[PDB]
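S.K.: Listed below, chain by chain, are the residues.
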Amino acid sequence: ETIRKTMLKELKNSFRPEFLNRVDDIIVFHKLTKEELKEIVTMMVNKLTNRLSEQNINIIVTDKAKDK
Amino acid sequence: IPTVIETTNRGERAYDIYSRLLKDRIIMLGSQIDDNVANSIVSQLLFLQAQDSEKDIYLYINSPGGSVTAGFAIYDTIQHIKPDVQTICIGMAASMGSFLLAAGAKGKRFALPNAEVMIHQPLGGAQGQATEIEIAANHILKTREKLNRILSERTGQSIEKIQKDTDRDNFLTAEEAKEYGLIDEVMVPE
Amino acid sequence: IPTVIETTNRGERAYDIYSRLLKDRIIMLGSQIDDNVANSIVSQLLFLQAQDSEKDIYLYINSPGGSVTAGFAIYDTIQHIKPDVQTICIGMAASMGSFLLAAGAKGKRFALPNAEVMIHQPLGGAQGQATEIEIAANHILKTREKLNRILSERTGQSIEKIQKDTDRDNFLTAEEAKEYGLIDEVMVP
Amino acid sequence: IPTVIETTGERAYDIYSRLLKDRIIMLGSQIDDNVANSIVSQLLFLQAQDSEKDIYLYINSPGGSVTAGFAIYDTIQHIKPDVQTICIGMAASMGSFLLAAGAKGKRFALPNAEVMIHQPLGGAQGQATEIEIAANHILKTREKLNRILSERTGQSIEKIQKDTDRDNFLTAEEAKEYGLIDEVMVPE
Amino acid sequence: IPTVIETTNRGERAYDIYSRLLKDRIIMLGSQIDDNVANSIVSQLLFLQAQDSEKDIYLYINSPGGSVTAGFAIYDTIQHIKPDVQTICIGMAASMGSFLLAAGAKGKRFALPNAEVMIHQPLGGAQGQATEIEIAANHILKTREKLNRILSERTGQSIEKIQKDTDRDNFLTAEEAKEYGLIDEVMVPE
Amino acid sequence: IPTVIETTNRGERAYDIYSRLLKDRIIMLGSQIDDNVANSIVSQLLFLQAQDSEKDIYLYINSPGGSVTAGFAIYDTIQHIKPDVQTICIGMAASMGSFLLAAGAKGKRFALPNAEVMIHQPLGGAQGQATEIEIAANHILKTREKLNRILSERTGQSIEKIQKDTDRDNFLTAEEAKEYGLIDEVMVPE
Amino acid sequence: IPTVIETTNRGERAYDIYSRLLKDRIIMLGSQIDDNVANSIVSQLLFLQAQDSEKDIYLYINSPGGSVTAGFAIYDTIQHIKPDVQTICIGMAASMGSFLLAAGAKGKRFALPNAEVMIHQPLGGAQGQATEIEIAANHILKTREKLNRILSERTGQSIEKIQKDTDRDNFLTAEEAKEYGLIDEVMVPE
Amino acid sequence: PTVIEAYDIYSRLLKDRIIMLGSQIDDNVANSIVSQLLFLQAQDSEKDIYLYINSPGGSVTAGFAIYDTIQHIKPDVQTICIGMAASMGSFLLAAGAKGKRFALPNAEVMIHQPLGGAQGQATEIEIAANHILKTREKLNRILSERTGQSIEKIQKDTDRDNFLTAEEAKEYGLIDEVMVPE
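Chains as they are written, first to last, in the entry's author numbering: chain b, 683 to 750; chain J, 4 to 193; chain I, 4 to 192; chain K, 4 to 11, 14 to 193; chain H, 4 to 193; chain L, 4 to 193; chain G, 4 to 193; chain M, 5 to 9, 17 to 193.
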């Protein structure tokens, strides 16, 4: 909550009030967490496994490898 | 001395706290009143008048006293400039500091609740031959007469009463100063 | 005193550590309270009130004390401004330091665990003729009475108890200060 | 000394530099060689700045070196801009000299201001011949000061010699009567 | 005090050596511990906690000693901030300096090989009436008791033994300090 | 010292007053002549010669005097540089200041109307054994003879007359300096 | 300290002479070794090791000596940091400076041809009761024992001969220092 | 004063490889001069360095450090004597490269034996006196080497204070030729 508030306040000091008044929505992107990074690794690995399976190469990545 | 960074649409500027206050037309008189301090105060007042001649100027006073001539220069500058000069007493306003406190515009002289002011006759010194001592004594007496006259004209009190009260060190509270006529009303907390 | 540099799109901000703390609404009282320090602190408080009149101002005290008039100026500025002033005692709070430590907002006066607080009657001096000595003594007694009145109003203790405790140098730990009512709670790590 | 921000030029000045931009030169300290050098530099720079407009000298000083005051007087008289002199606070010793050294009709004084005119100070030490030389020099300096003051005030040299024998304190009205200033600035 | 222009990316800003070391969470204590130094150290500790509440702070200590209250302020700030602080003894850590050396995170107190530490009772003075001397003596004795109690807690040694050892100036080498418990291990060279 | 803005057509340049004067080849000698002042003057003269070896350099003198060696260094630097050096006496030119005043180019030495020029034999001191006192006295006499020789060369007056007039402190006005040969003409006010 | 300007591929940047030398990893020790100078030197060493941990560091020593604590702090910092520290003797390296002269890496301890080095037994003082003087004397003797041990290890020379040559002031020329073992080779001019 | 084109005047002179030695030669000034010499060697190691000397003297160790730095660096060092050069200042004036030591027409130089002090026990006084004699011997040996003069004559002239003008500096070998105005 405070991080969003302070980033929004800092944004107002870089752009004109009438420019920010015309934006439909200002969205603050939160920092990636541990499980989110694990899921990102999972999704990239899944994409790579599909792309190598279309070449008929079967590949599996263990959880410890993904965490590393 | 702390440094203030203020962001504005025009850009970002670095102020020190006293210049940041001066931006809002506030002048800090917080030291012994000598030639250099009086010169700085006169320069600040003149610049504030130059910037625009209708808004108010705020003088915050916390001084133990100082030179009579420097205080007279400050008072004359205050009386000569068109914009009104509000005087607020922070902490202690003694000797010529209290004299400058009464120099503010009528209805605009302020003091904090637990603030103290002190009024007395000016100090001085004479050395050398009897004629030289006579000259210096005449000068100091005339200075006392001028100070008493200005105080009587600004506080509404008789010249005799101010003569009696400034004989010794007179310590006045904010309420006592208000009833005496030095200030107009104390600053109630909000 | 180290220098802190902050980078933005607009430009560079070169704070010194005290100004960097002031950016977070931290005012440091870490020296003897004379006219210059009181003036600087009053100006800082006024600027912090101007910047935003609703958030809280933090005052850090580590000082042996100093001028009574300067401390009264700081106290008046603290009480006059709309934003609340939290007072945190780091190290020492003596004479005027303890008076300003007690002057913070209720429920918002703190002290570090092994911090020391000292309360005593003000010091002064009279010299010259008998009438002048009488004037100076009357002034110092009036000042002591005013300080005792404010301390009684602000700590919940009787004026007589504060008169008795302030006769000599009274050294109070954080727990004793909490029991005495000078501070509100000790800051556990 | 506070820092000043000019909103019309988004440019920063110190208060004395800001005043000097408006052709204001402040003499607010004891007049010694360094101060006189700075004042002469400012006067010459302002003469270079514009050949016509007036320079303003605000004096608040107890006095000082006679030679530095003579340098300032010579620079003021040499430059072709008119130099207005306004007495802020005290104009004593060589300060009162520079007060009467301004352009005729352009010498101002604040209402509650005081000026002092007196003979120059000095000292001698050593053999009789050296002390005689020093006394002759100080007498000649006093004579030159009296001559310039009589010329610039219109009063007789004898009267200036009589009045400057001791410390003479004059109010703004008394200085107006004497001739050192031209009139007193009445507030609005 | 040499300056350093080395900065990442733009590389335009210049630092002095201490400010540059501050960015690496390096804090230098190379002088007597008075109020100014203690205030600077507390401000640096708060700034480094704000910058990151998890990474460790590096505190290099080289001080003959100083005010007990200043050292107490530094100790409270160290024990209050979330990030751990490593104390590295450079040269001598004596009087309150040795107290701050023991104030580091457990298992994170180090000392260079040919370094020296000293422990002793606090110094002070008492002048005036007998009652005033009694008050000052009580205060200094309570201060010594509190210092001894904190040292016993942070070293795991009996307060009787610390009281006996702090009676006179006790000089200890790095190995002797390690055996005593003030530090954790001696930083062997590479 | 005050800071001035310049270049009304450019407006962006601000200099200190002496840097601004140095831009127009004005060098100020307005203090006692010691080693640092002489070094600064020599460096300024070298830079002015490097910037433009054709234009004339202006030297303003207001000094009670100083060391003989430093003033001699200034004299050497003045006489070695190709561009002409004009000397103007602001205020006083005493001791070696008058020597440097006479060191200007022929026909280009001016003095202000109420300017005083003082000429006298150099000062000194000897303390020690008889041989050391003799050595110091011989050196002082030699440097006085060198000063007299140079003054006679640049003033056209016999060295006996200079010896007689420099026995004591001789104070001369601008008119008397012109009659004596120290200056070329008094700068008449416009 | 003159300002020094270079034109780099990133534009024209300016430095002071000491910061410019520090850019090339040159550390100057040219004053008495007190706690402030030791703190500055240690900070510079830590910054240089953080910048690049493989390259060499250079220590130009022109010092008359200083405190034993500060010198030992610098010695420990030098022996702790991973990068090697070349040591070059400029002018005088006396007392603790000569100790820091031998602190450099073997094969990288240089000295100018007509330079002088000098080894002392550490100075000190004691005052108070007999017990306090006993403690101070024990501390001083142990400090000297440590100094002699480190000197023997670094110079490869017997402890007894160090005791003999250290009992009194021992001025050594660069060749004598090289033969003694304090330095490795005299910098022949090239 | 500030020189605008902005640099301080000494920085501007250093840009032209002009090094000013115009104060008492103590450790601070010696370190500054050594650092300037090293920077000038690094910036361009082929042109010539100019050292202007105006100093009453100072520490023997500082002057010897400056002498060693002058001898060690590859680019040559011309010495121009502005004003005075006394004790170590004259030594550094003699330290200039051959054919390139200069002196202004009415400049003055001083040569004399180094000053010192001793205090304490007889052994300590003996050590101090031996060191002072050794330092004087080193100074005389270097002066004899760099001026082509005999050791005995230098010893004789150095005993008391010896003022030499530019011409006496010329016939003494301290300077190589006087700078004629042009």
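Note that these hints are calculated values from the structure, not bench results. All C-beta atoms, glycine included, are put in the ideal place defined by N, C-alpha and C. Please note that a few of the clues may not be correct.
Label pairs and their computed distance ranges (CB to CB) [unchecked claim]:
| hint | chain 1 | residue 1 | chain 2 | residue 2 | range |
| --- | --- | --- | --- | --- | --- |
| 1 | G | 59 | M | 58 | 54 to 62 Å |
| 2 | I | 55 | b | 742 | 52 to 60 Å |
| 3 | M | 9 | K | 11 | 51 to 59 Å |
| 4 | I | 13 | b | 719 | 52 to 60 Å |
| 5 | b | 716 | H | 141 | 52 to 60 Å |
| 6 | K | 37 | G | 130 | 44 to 52 Å |
| 7 | G | 130 | I | 116 | 33 to 41 Å |
Stretch-level coverage of chain J by chain K, calculated; a stretch enters the list once three of its residues show a Cβ under 8 Å from a Cβ in chain K [what the hints assert, rightly or not]:
| hint | region |
| --- | --- |
| 8 | 34-41 |
| 9 | 57-67 |
Derived DMTMM-like pairs: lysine to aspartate or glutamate, alpha-carbon spacing no greater than 25 Å straight-line [as the list claims (entries may be wrong)]:
| hint | chain 1 | residue 1 | chain 2 | residue 2 |
| --- | --- | --- | --- | --- |
| 10 | H | 149 | I | 27 |
| 11 | b | 687 | I | 156 |
| 12 | J | 26 | L | 15 |
| 13 | K | 111 | K | 182 |
| 14 | J | 167 | I | 137 |
| 15 | I | 111 | I | 179 |
| 16 | K | 26 | J | 163 |
| 17 | L | 58 | M | 9 |
| 18 | I | 145 | I | 172 |
| 19 | J | 149 | J | 163 |
| 20 | H | 85 | I | 9 |
| 21 | M | 149 | G | 163 |
| 22 | M | 164 | M | 188 |
| 23 | K | 164 | K | 178 |
| 24 | L | 149 | M | 9 |
| 25 | J | 145 | K | 172 |
| 26 | H | 149 | I | 59 |
S.K.: Give a verdict on every hint.
M.R.: Here's how the hints hold up against the structure:
The hint said 54 to 62 Å for the Cβ distance between residue 59 (chain G) and residue 58 (chain M), and at roughly 28 Å that hint is violated. In this structure the supplied range 52 to 60 Å holds for residue 55 (chain I) paired with residue 742 (chain b), their Cβ-Cβ distance being about 56 Å. At roughly 30 Å, the beta-carbon separation of residue 9 (chain M) and residue 11 (chain K) lies outside the given 51 to 59 Å, and the hint is violated. Against the hinted window of 52 to 60 Å, the Cβ-Cβ separation of residue 13 (chain I) and residue 719 (chain b) comes to about 32 Å, which falls outside the hint.
Separation of residue 716 (chain b) from residue 141 (chain H) is about 55 Å and conforms to the stated range, judged on CB atoms against 52 to 60 Å. Taking the beta carbon of each, residue 37 (chain K) and residue 130 (chain G) are about 48 Å apart, inside 44 to 52 Å as hinted. For the pair residue 130 (chain G) and residue 116 (chain I), the beta carbons lie near 37 Å from each other, so the given range of 33 to 41 Å is met. Using a Cβ-Cβ cut-off of 8 Å, 3 residues of the region 34-41 of chain J lie near chain K, which meets the minimum of three, so the contact claim holds.
Only residues whose beta carbon comes within less than 8 Å of a beta carbon in chain K count, and the region 57-67 of chain J has 0; fewer than three means the coverage is violated. Proposed proximity of residue 149 (chain H) and residue 27 (chain I) is contradicted: the alpha carbons are some 33 Å apart, above 25 Å. Between residue 687 (chain b) and residue 156 (chain I) the CA atoms are separated by roughly 38 Å; this puts the pair beyond 25 Å, and the hint is violated. As the CA atoms of residue 26 (chain J) and residue 15 (chain L) are separated by approximately 23 Å, the hinted pair is consistent with the 25 Å bound.
Distance check on the hinted pair: residue 111 (chain K) and residue 182 (chain K) sit about 15 Å apart at the alpha-carbon level, within 25 Å; holds. Restraint check for residue 167 (chain J) and residue 137 (chain I): satisfied, since their Cα atoms lie roughly 17 Å apart, inside the 25 Å limit. Under the criterion of a C-alpha separation no larger than 25 Å, the hint pairing residue 111 (chain I) with residue 179 (chain I) is consistent with the structure, at around 17 Å. Taken as a hint, the residue 26 (chain K) and residue 163 (chain J) pair is broken in the structure, with Cα atoms around 47 Å apart against an allowance of 25 Å.
Simply put, residue 58 (chain L) and residue 9 (chain M) have alpha-carbon atoms about 18 Å apart, close enough for the 25 Å limit, and the pair holds. Restraint check for residue 145 (chain I) and residue 172 (chain I): satisfied, since their Cα atoms lie roughly 20 Å apart, inside the 25 Å limit. For the hint pairing residue 149 (chain J) with residue 163 (chain J), the CA-to-CA distance comes to about 13 Å; that is within 25 Å, so the pair holds. For the given pair, residue 85 (chain H) sits about 23 Å from residue 9 (chain I) by alpha-carbon distance, which is consistent with the 25 Å threshold.
For the hint linking residue 149 (chain M) to residue 163 (chain G), the alpha-carbon distance of about 31 Å lies beyond 25 Å, and the restraint is violated. The hinted pair formed by residue 164 (chain M) and residue 188 (chain M) meets the criterion: a straight-line CA distance of about 22 Å does not exceed 25 Å. Proposed proximity of residue 164 (chain K) and residue 178 (chain K) is supported: the alpha carbons are some 18 Å apart, at most 25 Å. Our distance criterion of 25 Å between C-alpha atoms is broken by residue 149 (chain L) and residue 9 (chain M), whose separation comes to about 39 Å.
As the CA atoms of residue 145 (chain J) and residue 172 (chain K) are separated by approximately 15 Å, the hinted pair is consistent with the 25 Å bound. A distance of roughly 34 Å separates the Cα atoms of residue 149 (chain H) and residue 59 (chain I); the hinted pair therefore is violated under the 25 Å criterion.
Checked against the numbered hints listed earlier, the structure breaks hints 1, 3, 4, 9, 10, 11, 16, 21, 24 and 26; every other hint is satisfied.
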